[PDB]
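First, one chain by itself in structure tokens, the form deposited in one PDB entry.
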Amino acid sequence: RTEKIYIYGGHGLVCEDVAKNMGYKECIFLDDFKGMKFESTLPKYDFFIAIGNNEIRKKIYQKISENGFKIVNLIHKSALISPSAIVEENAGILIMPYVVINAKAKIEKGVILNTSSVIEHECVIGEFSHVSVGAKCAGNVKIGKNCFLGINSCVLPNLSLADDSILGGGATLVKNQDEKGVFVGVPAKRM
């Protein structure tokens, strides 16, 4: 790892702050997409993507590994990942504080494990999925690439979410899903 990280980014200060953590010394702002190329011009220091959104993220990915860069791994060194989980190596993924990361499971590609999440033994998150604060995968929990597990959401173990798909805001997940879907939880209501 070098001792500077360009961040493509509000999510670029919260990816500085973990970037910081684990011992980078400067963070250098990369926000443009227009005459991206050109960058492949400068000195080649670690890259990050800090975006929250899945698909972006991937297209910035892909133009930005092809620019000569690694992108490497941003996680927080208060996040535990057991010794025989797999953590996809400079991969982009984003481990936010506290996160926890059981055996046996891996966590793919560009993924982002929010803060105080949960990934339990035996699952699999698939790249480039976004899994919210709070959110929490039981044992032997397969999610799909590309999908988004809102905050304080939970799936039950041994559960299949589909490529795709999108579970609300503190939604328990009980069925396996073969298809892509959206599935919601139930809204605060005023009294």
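For the two forms, the rigid core is made up of the largest set of C-alpha atoms that agree within 1.5 Å on superposition. Numbering follows the first chain given and starts at 1. What changes on going to the form deposited in another entry:
- Superposed on the core, the two forms barely differ at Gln62: its CA moves less than 2 Å between these two forms.
- Annotation: Cα of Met36 displaced by at least 2 Å between these two forms, core superposition.
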Second form
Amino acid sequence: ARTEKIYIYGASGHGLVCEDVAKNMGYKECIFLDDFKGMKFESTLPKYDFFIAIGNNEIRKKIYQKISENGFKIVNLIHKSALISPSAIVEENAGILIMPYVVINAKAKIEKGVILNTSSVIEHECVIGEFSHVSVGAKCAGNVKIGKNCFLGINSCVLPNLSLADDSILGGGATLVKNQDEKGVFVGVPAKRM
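Let's compare: the form deposited in one PDB entry is above, so bring in the form deposited in another entry.
No partners, no molecules, just the chain.
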């Protein structure tokens, strides 16, 4: 079962929303660790559930690696208002954030370290690759494959059956209308390589 307290690493803005989700899940206390100007991570800390509240995908992956290596459990934070299909797969204890009013439909799969931000939608049979960030209000239609480390900006979307290659960025408001097997930064409606 979940611990009484939770370490949230990242005490910035993203950290504050993560705190709200942890409290929603029933955690009694959130202990912020921030190496910058709060309490530092220490490998010697008393054991509690961890969460990595870092928006940057590259840095979130590295921190995730360092925390995991010290034997800490990095839990998922999933708001109770997120609607997740009984046939969707969400990787267990994998540092995944699922914000309020997120919807994940039948047979979608969410990989480790993903952020599904506020009111995002992952349609049936999607695969969202590890340490991707689907940001506020971004939506993936049915059967969309998002590669590892991808970032879908605010209010972006991807049409059905499409793939976005690892390490790509879909800009805020962009509409991806063609399959993308080579990485890049895509902006506009329709989305075009920058």
